[PDB]
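Listed next as structure tokens is one chain, alone, in the form deposited without the ligand.
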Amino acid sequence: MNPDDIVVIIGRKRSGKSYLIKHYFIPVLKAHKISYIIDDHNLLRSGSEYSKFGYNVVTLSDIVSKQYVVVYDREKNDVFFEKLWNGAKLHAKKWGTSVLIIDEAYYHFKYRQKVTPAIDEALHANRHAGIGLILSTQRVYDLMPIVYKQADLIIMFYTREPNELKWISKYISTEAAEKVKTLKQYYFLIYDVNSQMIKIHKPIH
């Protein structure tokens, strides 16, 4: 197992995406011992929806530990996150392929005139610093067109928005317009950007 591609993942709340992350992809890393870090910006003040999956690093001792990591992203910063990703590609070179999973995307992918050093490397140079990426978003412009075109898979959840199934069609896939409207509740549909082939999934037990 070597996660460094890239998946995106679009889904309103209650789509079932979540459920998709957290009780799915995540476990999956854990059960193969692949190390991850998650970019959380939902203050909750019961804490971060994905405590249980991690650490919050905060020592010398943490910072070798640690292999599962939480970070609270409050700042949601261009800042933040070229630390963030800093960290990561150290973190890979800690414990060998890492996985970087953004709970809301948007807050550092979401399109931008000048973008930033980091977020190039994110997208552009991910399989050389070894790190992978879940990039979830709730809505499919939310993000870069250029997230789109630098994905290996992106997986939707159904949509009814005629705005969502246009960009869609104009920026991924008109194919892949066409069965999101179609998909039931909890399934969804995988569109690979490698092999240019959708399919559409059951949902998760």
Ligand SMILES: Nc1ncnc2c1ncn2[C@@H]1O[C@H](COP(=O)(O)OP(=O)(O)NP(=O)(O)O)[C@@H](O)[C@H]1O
Second form
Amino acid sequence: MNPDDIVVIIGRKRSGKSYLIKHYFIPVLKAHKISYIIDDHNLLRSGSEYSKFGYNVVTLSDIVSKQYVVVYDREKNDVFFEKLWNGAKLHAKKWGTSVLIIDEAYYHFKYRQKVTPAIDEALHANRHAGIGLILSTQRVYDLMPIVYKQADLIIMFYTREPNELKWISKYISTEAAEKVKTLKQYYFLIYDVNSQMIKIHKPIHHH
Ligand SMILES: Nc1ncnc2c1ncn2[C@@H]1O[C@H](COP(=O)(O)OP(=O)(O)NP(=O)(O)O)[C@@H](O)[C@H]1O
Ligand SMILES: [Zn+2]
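Could you output the structure for the form solved in complex with the ligand, given that the previous block was the form deposited without the ligand?
The complete assembly is shown below, putting the previous chain first.
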């Protein structure tokens, strides 16, 4: 396993998108000893969602010992992303190919007129660094068009919102926009950007 590609996952709260990352993607990576770093922005007072899936890096010991990492980002900032990304490049040097998992990727991948070098690298030179990406967001138009262009794989859950549907058609695939509308709950459509193919996936087993 050498997960250095870019996967974008679109889905609103309650769609089943988070259950797919949290209870499929993350555990498959863990099972294969593939390191990951989670950029988590949703601070609840009982700590956040992914707190269960990795460790907060504080000490010199953590730096060298902790392969599965959770980062709390209250910054939500280009200055923070530069660090997260430099940090990630180094994490891969230590552990081999790692996956940067960014929940609410809006915070760093939204339309900006001037793109920071770390963002440009993440989008264009991720394979050079040995960092796969999983970029998660609620609505397709949350992210800059160039994300969809640079992705290997785009995963979408059901949406009825017409501006969303129109954006999919304009930036990704007209056919994907037609089929997204037909998705039953917890089903997801996968657009493979390399092969240009669409497949509809059944809901993953849940408890
Ligand atoms: N494949 C599935 N089959 C059956 N139930 C599911 C499935 N996926 C998600 N659910 C359930 O639907 C609800 C919403 O799931 P989901 O959208 O993944 O998370 P969410 O709304 O973002 N909440 P959270 O993960 O707690 O932040 C959860 O109660 C899940 O337990
Ligand atoms: Zn962040």
